[PDB]
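Read the single chain below, which is given as structure tokens and is the form deposited in one PDB entry.
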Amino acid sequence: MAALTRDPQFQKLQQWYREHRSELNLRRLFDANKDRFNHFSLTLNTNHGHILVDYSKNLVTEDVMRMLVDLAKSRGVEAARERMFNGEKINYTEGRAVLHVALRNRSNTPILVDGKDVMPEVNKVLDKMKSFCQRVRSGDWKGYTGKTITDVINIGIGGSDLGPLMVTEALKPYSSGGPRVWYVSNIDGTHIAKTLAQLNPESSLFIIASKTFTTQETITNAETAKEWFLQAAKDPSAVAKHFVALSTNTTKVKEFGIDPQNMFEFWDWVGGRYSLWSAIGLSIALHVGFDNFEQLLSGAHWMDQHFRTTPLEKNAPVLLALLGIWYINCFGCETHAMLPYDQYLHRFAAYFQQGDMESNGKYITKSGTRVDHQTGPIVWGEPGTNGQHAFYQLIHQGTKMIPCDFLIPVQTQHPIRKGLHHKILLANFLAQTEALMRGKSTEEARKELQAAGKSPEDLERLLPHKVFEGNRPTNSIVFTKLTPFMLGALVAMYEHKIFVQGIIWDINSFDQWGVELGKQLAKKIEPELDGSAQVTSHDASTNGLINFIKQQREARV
């Protein structure tokens, strides 16, 4: 019995689910209350665009929403929120604070950990990034044969990769006068090799992104990259003009060969999957400039305040969270789809796949007790409308309930054909949620078939296949425009959604022990791969696999 299954509010929610489940049909709910949208949507004015969070197409009623909020009061969301913002060490297994919110604390209101304000160091690195960006973008910083940097290569994996990648992709329109950026992460040699084959070492700046500076993929890639650079430059000292580091580890950085002046620092309280707001975002600032980088932080700060001062019942990240809890712990849905109707946000689903799953794919509570209820869902998605032709078929006519977040900006970065393309995009965005809610009844489909001139025969054989049972809930999140500021607010909104979920589940959203085992095991297998000798030191699958690898290494095809 974990804290969540023991919570009376939680119990009350389950009870209600058992009793009224059948009473939750959207088409009826929307026919019965013409004011639904007005009662179940949030309109937020940031002063830099609006955000509409329309949760009306969800399987909920006021009564449900009330209990969901009560669950949050009962699980202590506010108090937990304050501990985070006050620099308390809520990452209780690592003994750490969780301060991504300090990285964008534009107010500079002091935040203390161990009785010491962090804003100065935070601001000191921001000033370093900023100067460095100016110098690189303007051409003041030159390579070893005196050329300006045309290409910047972030080398990192996970948290030291996905954020900078997703954000430079989403804000590509703001990169005029920026060097190109490349993201190398996989250990798979293809990644580094097909990237290096497209660069001139003279004009390439490598950024080695690593919190620990010991991660195997990143270090090997860094080393590989350094070796290629020296093949061309030959002089160790040229490295200082082409390699810089984003890390917390001055020593490992000093030993890799990087100039201590070339290290942009962050802190143990900056989680990787929460790190783009820090020195890790360097590549973002190089690409779109430091002012736009400041705009991104600044949008996170805005959402940070909203999370902090808004009553739970109207609080955006809190509501997205609770709806998730409703669907995960009462309805049992394993997944959550994130579907941005925006090509620029093509890695947005993937970024939150890491952010959500790495934070809440947990099973041990603060008391050290195994949970007896679900935790985080599997998160996935592709941008619309492409998905409409790929997997929406199953979302519409399969056997899974899939809560979905539809997102879109009102204004496109590219209003071609007098806005016709955006017009269509918007139309599909609106249409797909309508359809998923509404469905199409036997009779509706029947009337369609009659009007089409089908025989009662062909009609009878086809009829049942054109029926949509509807009642698939979605959220619709609409924003004026996708600028650096608005993106920051959005990214921040899901983060805090994730936090809330985690406090409700009594888990630690900020550690990630789950990665160790494979690593340890990887280190064991590496030396076992060299040589022709068969391997018998594991379970028979691992050996068989290894022996097939050795045998096939020799095949000519």
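Numbering follows the first chain given and starts at 1. Just so we're on the same page, rigid core means the largest C-alpha set that superposes within 1.5 Å between forms. What changes on going to the form deposited in another entry:
Of the residues checked (414, 116, 194, 254), the rigid-core alignment between the two forms shows a Cα shift of at least 2 Å for 254 alone.
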The other form holds:
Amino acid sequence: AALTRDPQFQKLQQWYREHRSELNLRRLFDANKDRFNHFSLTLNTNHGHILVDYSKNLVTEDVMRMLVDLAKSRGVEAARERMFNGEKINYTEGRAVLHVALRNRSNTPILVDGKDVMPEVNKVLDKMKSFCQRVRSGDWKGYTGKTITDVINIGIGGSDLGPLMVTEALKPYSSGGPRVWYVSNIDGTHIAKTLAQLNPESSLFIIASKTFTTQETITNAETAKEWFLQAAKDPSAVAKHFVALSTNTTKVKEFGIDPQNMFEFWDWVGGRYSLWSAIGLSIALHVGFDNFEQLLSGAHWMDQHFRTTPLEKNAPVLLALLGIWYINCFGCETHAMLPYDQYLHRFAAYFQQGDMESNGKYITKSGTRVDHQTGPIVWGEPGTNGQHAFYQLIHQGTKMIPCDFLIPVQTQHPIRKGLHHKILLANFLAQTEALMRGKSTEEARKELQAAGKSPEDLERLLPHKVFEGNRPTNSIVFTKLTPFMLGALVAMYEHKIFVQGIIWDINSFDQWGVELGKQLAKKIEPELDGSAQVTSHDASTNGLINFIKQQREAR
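Okay, that's the form deposited in one PDB entry, but what's the structure of the form deposited in another entry?
One chain, no partners, no other molecules: that is all that follows.
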């Protein structure tokens, strides 16, 4: 595969084989009091600063140089330019990759097949702005003349996770907006428990689906429309309560949706990169279009940082390279994302899709199977909650787990004269310090003697109180989690994912891996109907189906 044959990758491997045991963070920090300055970036966006502190990583200046040389050798800069120039870098689907055009506040032309996309982008944005103002002002009324109080986004995957994560993160900015609800699961619990809390007269449903044929989304959409019409009766009332994020005008009209309330997007918007498009309509409804534009503008800022900054100082590149080091050299299967911010409680879950569906791949551009690792398993919960759930394992288990710790300097809720945020910050800082430093046998012994333990007591407990440390982390600290700042942070990780995928020589922008399960579910659905035993699959699938049929009729 391309990566394994790359001479800079082999150089990196050889260094790792020879020098791994020099990489002790305590020793590295004791030997270089300038280490923070050498291995951190400060970004001034003009709308807050971002400090990317990567100094608690198992790197030296030589390792960083080797990693930048690998990004050069693997052609990261040229790939980036192909992305931004509208070239068809989604090569298995023959498609451009232009989430960057969605937020191109400069309106610099970006051509696909020699035709600037920016006018179509801005046309949809202008329709979003108009519709948002009509709904939020009370001008748009439901079928009995009431203003909209609840907006229900129905969609799966990329049509769900981004808008949910952002409206959760930007909840303080929703004054004057309707409540937002997200229905994604086909499990009928999800739509049913949502509908039970809503009034049809004042609810607006947003059906998010390019095809308007997606099975889970359209089934949920049909269930919502049945509930709605059980109240309203008149099919013409659907057009006051249902809009579409889609291009299938025919299916949209057939559903009962006025086609001027179809908000379009394009094939070069991947679902897991789509919150910047029409898919973000629920964001703009909730926090207002001005704040949605701020979200776009932050992403645009980070797009320019990624385009103009030398690789050795380029935040998404450096994040990507550190990840390559831990994945392909240390062999770490996972990457933890730990935001110390309750509003970001769905941030890690968003990047499960964005990272794992992008880079959970094993065929390269040439059709060759990889012979190395690709994307990691991403996971996490917000701090400080995760501290009382799983940090025991991060500190004292048998797994090396690279962690990104993120936090805003300024809280949206400075209650108690700042006391809560002060304690939050202190834990953010202490945890990465603890992971780095650990606590030696001698240090733990001293503590146990001071506590008065008997000599046999102390020797018993002592090994359990030792922290081996040397556990690496990134700390990402930013002034305040505003719409602009969130946009910049999300875009940063988008470009990290891109850089990693170029290095591995995979297509970060397709998802052929979802097809087999879809095909097999369609074959099973009709077999569940009626009471006959099923024999057409492997013995386990049959056995499960026949247990299901047996237990359908248990009291």
